[PDB]
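All protein chains but one are shown at their positions in the complex.
By written order: A and B. Residues from 1 in each chain.
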Amino acid sequence: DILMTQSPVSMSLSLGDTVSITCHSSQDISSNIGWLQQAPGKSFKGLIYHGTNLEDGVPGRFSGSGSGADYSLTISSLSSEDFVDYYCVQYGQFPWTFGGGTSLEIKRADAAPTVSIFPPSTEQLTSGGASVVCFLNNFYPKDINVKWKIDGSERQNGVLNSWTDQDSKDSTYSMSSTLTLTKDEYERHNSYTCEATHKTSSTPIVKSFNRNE
Amino acid sequence: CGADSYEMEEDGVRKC
Partner (left out) sequence: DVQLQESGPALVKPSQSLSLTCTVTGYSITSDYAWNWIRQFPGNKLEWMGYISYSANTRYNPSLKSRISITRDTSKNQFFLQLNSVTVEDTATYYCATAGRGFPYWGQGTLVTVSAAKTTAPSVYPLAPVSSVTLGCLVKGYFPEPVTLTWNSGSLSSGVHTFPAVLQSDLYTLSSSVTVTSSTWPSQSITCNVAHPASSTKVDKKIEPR
């Protein structure tokens, strides 16, 4: 099969910047390549076919170049809507194959997370389990860490973490962290603490609650 | 399609 090697895997850029995404094929494909655009969590739009031809209603800032085994998608003067995912596809040989994708993210000023902590609901407690939830919302840049303490003691296991794609309105990220214990273990301890570590401060943002309160 | 090629159609798919 033809291997499509697509670069870079991700890029962080500013509005008005120019970027090239490249695809290399493991065999000559004679310009039988398309470029696809994907909003994360959604589906695809055809941008270019036969290496260089714009689809209907694709702006002149998108261009394609290349021949043989090496091709590039260039976006000159990036706009806000352009910071999404891109994939190349070869249809020169069966089976048709895809590049591994490129994620484009927009640069933005630093923002500290807004941290919120939540005790288990009485409803959950009837089931014999207890979850403590922490949201770290609307931060930039993407790199963050979360840490749980139970009566002061770090707890790694039994936690589930999830994060969002870059926000389409303020270009931030968000994270949810859920610590789950048995009701018995939950009722053996007093304080529950979420700590967010982020470049925006040398000290953690700490949110806590006490059961005795 | 490159100067060595022309666009053809196979199964409804255009290809160089």
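Before moving on, here are some points about what is shown:
One rule holds in what follows: a contact is a pair of C-beta atoms (placed from the backbone, for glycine too) under 8 Å apart; a residue touches a chain by one contact, two chains touch by 3 or more.
Across the entire complex, the residue among A:26, A:53, A:153 or A:201 in touch with the chain not shown is A:53. Interface note: of A:12, A:20, A:164 or A:200, the residue touching the hidden chain in the full complex is A:164.
Looking at subunit A, the residues touching the absent chain are 34, 36, 42-46, 48-50, 53, 55-56, 85, 87, 89, 91, 94-98, 100-101, 114, 116-121, 123-124, 127, 131, 133, 135, 137, 160-164, 174-176, 178, 180, 209, 213. Contact residues of subunit B toward the unshown chain are 11-14.
Note that in this section only the chains that are shown with their structure count from here on.
Rounded to a whole number, the gap between the C-alpha centres of subunit A and subunit B is 37 angstrom. For subunit B in complex with subunit A, the touching residues are 1-2, 4-5, 7, 13-16. Residues 30-32, 49-50, 67, 91-92 of subunit A touch subunit B in their complex.
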